[PDB]
Amino acid sequence: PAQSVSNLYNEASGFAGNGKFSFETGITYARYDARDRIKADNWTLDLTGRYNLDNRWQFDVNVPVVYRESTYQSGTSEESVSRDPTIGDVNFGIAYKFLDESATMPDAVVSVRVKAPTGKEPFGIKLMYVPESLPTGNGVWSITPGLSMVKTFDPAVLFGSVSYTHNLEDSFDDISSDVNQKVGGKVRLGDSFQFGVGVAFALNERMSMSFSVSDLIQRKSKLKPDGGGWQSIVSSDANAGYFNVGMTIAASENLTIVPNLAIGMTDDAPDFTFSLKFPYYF
Amino acid sequence: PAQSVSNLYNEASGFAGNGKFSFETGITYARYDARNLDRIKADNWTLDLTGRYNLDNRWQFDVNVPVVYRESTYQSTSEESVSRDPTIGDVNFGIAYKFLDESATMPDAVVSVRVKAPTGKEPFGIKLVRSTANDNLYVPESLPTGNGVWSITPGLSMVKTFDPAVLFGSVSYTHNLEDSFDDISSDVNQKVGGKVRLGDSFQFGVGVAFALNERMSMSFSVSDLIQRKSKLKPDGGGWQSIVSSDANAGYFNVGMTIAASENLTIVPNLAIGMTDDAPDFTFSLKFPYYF
Amino acid sequence: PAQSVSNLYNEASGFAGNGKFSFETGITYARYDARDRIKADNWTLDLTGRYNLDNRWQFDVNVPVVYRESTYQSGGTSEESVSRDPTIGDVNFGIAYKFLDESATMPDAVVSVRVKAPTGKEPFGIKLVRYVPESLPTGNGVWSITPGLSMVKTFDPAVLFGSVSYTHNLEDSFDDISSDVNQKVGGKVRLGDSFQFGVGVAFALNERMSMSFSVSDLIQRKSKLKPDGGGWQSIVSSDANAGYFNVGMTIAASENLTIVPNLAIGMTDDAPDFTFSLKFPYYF
Ligand SMILES: CCCCCCCCCCCC[N+](C)(C)[O-]
Ligand SMILES: CCCCCCCCCCCC[N+](C)(C)[O-]
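Top to bottom, those sequences are chains A, B and C.
Residue numbers 88 to 122, 143 to 182, 192 to 243, 252 to 406, in PDB author numbering, belong to the letters of the first sequence in order.
Residue numbers 88 to 122, 141 to 181, 192 to 406, in PDB author numbering, belong to the letters of the second sequence in order.
Residue numbers 88 to 122, 143 to 183, 192 to 245, 253 to 406, in PDB author numbering, belong to the letters of the third sequence in order.
Keep in mind the hints are simulated off the structure, nothing from the lab.
Don't take each hint at face value.
[Claimed, not checked] EDC-like, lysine to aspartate or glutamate: derived pairs with alpha carbons at most 20 Å apart: (1) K236/B / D302/B; (2) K236/A / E176/A; (3) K348/C / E293/C; (4) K275/A / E329/B; (5) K344/C / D148/A; (6) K275/C / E329/A.
[Unchecked claim] Residues of chain A clear of chain B, computed beta-carbon distances all greater than 12 Å: (7) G104; (8) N105; (9) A117; (10) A121; (11) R122; (12) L160; (13) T178; (14) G270; (15) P279; (16) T289; (17) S301; (18) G314; (19) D315; (20) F325; (21) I341.
[To be verified] Across the chosen pairs, the derived CB separations fall in these ranges: (22) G182/A / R343/B: 46 to 56 Å; (23) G156/C / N141/B: 49 to 59 Å; (24) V197/C / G353/A: 50 to 60 Å; (25) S257/C / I267/B: 33 to 43 Å; (26) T192/A / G353/B: 55 to 65 Å; (27) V228/B / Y288/C: 46 to 56 Å; (28) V197/A / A89/C: 46 to 56 Å; (29) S257/B / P201/A: 51 to 61 Å; (30) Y404/C / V172/A: 27 to 37 Å; (31) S376/C / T192/A: 56 to 66 Å; (32) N368/C / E377/B: 33 to 43 Å; (33) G182/A / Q305/C: 16 to 26 Å.
In this text, a Cβ means the ideal position worked out from N, Cα and C, and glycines have one as well.
Could you build the full structure based on these sequences and the hints that come with them?
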């Protein structure tokens with residue numbers, strides 16, 4: 088099977104099939120904005156290991172490193197806060213390919229992914253103007269099952285995916301933004317679901333190009349301060365649309381370059397995200 | 088023959104030169120986010154029911170009924196929401212005439228007009244009810260479903276093949292008719308009758324498309340609609356225009372056409388809003404069944 | 088050959104091979120809808156002359172003509196409009212040199228310089244009245267020099283391309299650097315410098331037509347003022363980030379004439395919401 092074809096499937100399905108072991112290195116820049144104003148610049152380095160078994164099972168571990176740099180403007193006045201390279205919410209996932217593509221069926225793949233609360237929690241960080257530090261994960265355990273369907277209708281390859289996320293309830297020693305007090309509390313982050321569709325083409329032996337779209341929807345998040353009852357956090361629910369354009373480029377027989385632009389379609393998504401990924405196959 | 092070519096043309100022109108009678112079902116989602142009041146989020150679902158009759162690749166007649174479902178959140192801090200369970204929208208109908216057949220030097224041209232009737236729930240006389248939590252947060256008592264008036268919209272389409280790429284374009288404009296109402300205030304304490312005149316508007320856009328294979332097509336296109344501002348005239352006052360009622364709504368579109376079985380087509384389309392007067396995005400799926 | 092390939096290269100690289108003299112007329116419409144709401148509609152007619160010397164050197168001069176309409180609404192609602200009838204902008208000119216020719220392993224490489232004179236109406240003199255300006259500028263008021271670089275390369279049927287440049291602005295000075303009607307302050311200005319890059323991909327659809335997808339960013343550093351008083355100062359929100367996503371075509375109308383439609387979608391708040399353009403290079 089051509090090289091371009093193998094890589095279109097790997098990018099689309101999340102399943103690195105032709106091969107056994109792989110280490111992926113990702114670099115990603117994203118950019119946010121607002122009215143006061145508020146610029147932000149996020150760099151993330153992804154490190155990923157993957158073990159693929161017979162092209163039927165797959166296991167992966169993932170470690171993000173996060174450098175961040177924000178600006179809060181309000182007055192005449194402008195002020196920065198930043199965050200030198202730290203982890204990261206660490207996560208692993210398992211995947212099973214249950215249908216292999218035939219003339220009637222597609223390539224179907226079910227998966228699970230568990231994310232641990234290893235980064236710097238937002239809750240308990242203190243403060252017009254301005255935070256003491258920037259977080260690097262959400263502070264909670266989460267578990268996300270999902271599904272990928274992929275199929276070739278020569279020369280198109282259509283693909284899609286759906287997934288939902290459950291966050292587990294968790295408690296914090298401090299829950300207050302106010303520098304003076306220290307209140308502790310429980311948190312139920314709202315569940316969420318995600319989906320996307322797209323089309324791709326093998327342009328030649330080594331290159332492929334992809335168009336796609338996805339939307340993420342985040343249910344409302346509730347809080348329990350010590351003493352009081354439950355209550356929902358206003359403005360906490362979200363809708364983050366993305367339109368994506370992408371390529372795939374075979375460098376060696378084992379190296380691939382994967383560039384991707386992702387244009388935020390709503391306010392809840394960053395303005396744009398350029399990304400760059402380098403899977404290596406031993 | 089075609090049949091991706093044929094599907095592609097029906098989409099680009101708005102003219103099913105193919106068969107005779109057909110019936111299109113459409114579902115469409117659209118997200119809004121805006122910014141007294143601080144932000145207003147909105148989820149809009151629409152089911153379209155459309156019947157059309159094509160005649161000899163020369164005339165076409167069409168009827169459309171939208172069913173509308175909307176949900177809207179009003180933030181100030193605190194927050195409240197409001198709904199509209201499936202009611203009908205502005206029913207409308209359309210005539211079109213193919214005045215140029217495509218050739219080695221001329222395109223497919225199609226002149227047409229579309230008339231729209233105020234069957235939906237209008238926005239005039241819907242009251243702002245202050246809650247009940249934020250104390251200077253005003254929230255509408257119900258949500259509208261059409262714009263309360265009649266309108267006529269003539270328009271034109273041009274389509275030409277330059278193998279393998281099919282260019283296309285279109286222009287139209289909407290004249291709205293003046294109407295009167297028992298109540299046009301949104302104050303719960305007062306009732307003020309009046310007449311209203313919505314701003315007329317014009318739309319245009321261009322695109323390209325391709326037959327990827329015997330059964331699929333893909334397209335890219337762009338558009339802009341521009342709207343003159345609207346006016347109200349209480350009794351017995353004079354016409355006053357309303358600031359911010361003017362608009363410019365630009366859209367960028369990716370779409371496909373997929374032939375499921377000769378009778379059925381599936382037509383997915385993403386429209387990305389480029390301006391604040393357009394919704395942020397709009398997915399849609401349409402299912403023309405050909406009898 | 089083909090013409091589709093040639094037109095496509097001229098568009099990615101900014102460098103017309105395959106001709107001697109040429110004249111380009113371009114028309115651009117841009118839409119701003121910002122934050143108080145400053146809504147604005149700009150058109151620009153661009154007139155450009157071009158001389159390529161043996162597919163090696165090239166000299167261009169460009170004259171922009173600029174029409175504007177802005178509209179400001181109350182806040183600290193009622194609208195008020197301002198406009199600026201056709202008026203010459205920031206005349207510029209550039210030289211270019213192709214240092215690598217495309218082979219089985221080499222890209223097509225062009226190095227270049229663009230010099231921009233301050234021939235348009237400067238922003239600094241202009242006065243606020245009431253809270254709205256009594257006119258609109260047509261350029262930025264300073265000299266600037268801009269070296270650039272570009273690469274293009276076929277990997278059949280894909281043509282990959284990319285480019286990068288920076289702009290250095292030259293410190294200047296003005297009789298009036300204020301906008302308060304009741305005050306006339308002299309001073310000296312350093313417009314912040316900037317770094318532009320973008321990348322992209324393009325395909326020949328047939329012997330006449332090409333299609334293009336690309337993206338680019340512009341990063342601008344902060345501007346500074348020195349009043350007569352008086353030492354240097356940062357203007358607080360003068361820095362910028364303007365990102366863009368582009369879809370385009372080239373159509374071969376005839377042997378001499380290409381039509382170039384381009385849509386550019388603003389992705390950040392420091393960019394027009396959108397921009398349409400048509401260009402008509404004519405090759406004598
Ligand atoms: C970034 C917004 C959320 C995108 C949602 C995409 C669905 C995730 C499905 C998991 C399967 C893996 N893969 C690569 C197809 O995404
Ligand atoms: C400012 C430069 C403008 C270009 C000058 C106009 C030249 C007119 C000649 C038109 C050519 C017609 N033709 C090819 C049939 O000869």
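What hints, given by number in increasing order, does this structure fail? Failing hints, ascending: 10, 11, 15, 20, 21, 22, 26 and 30.
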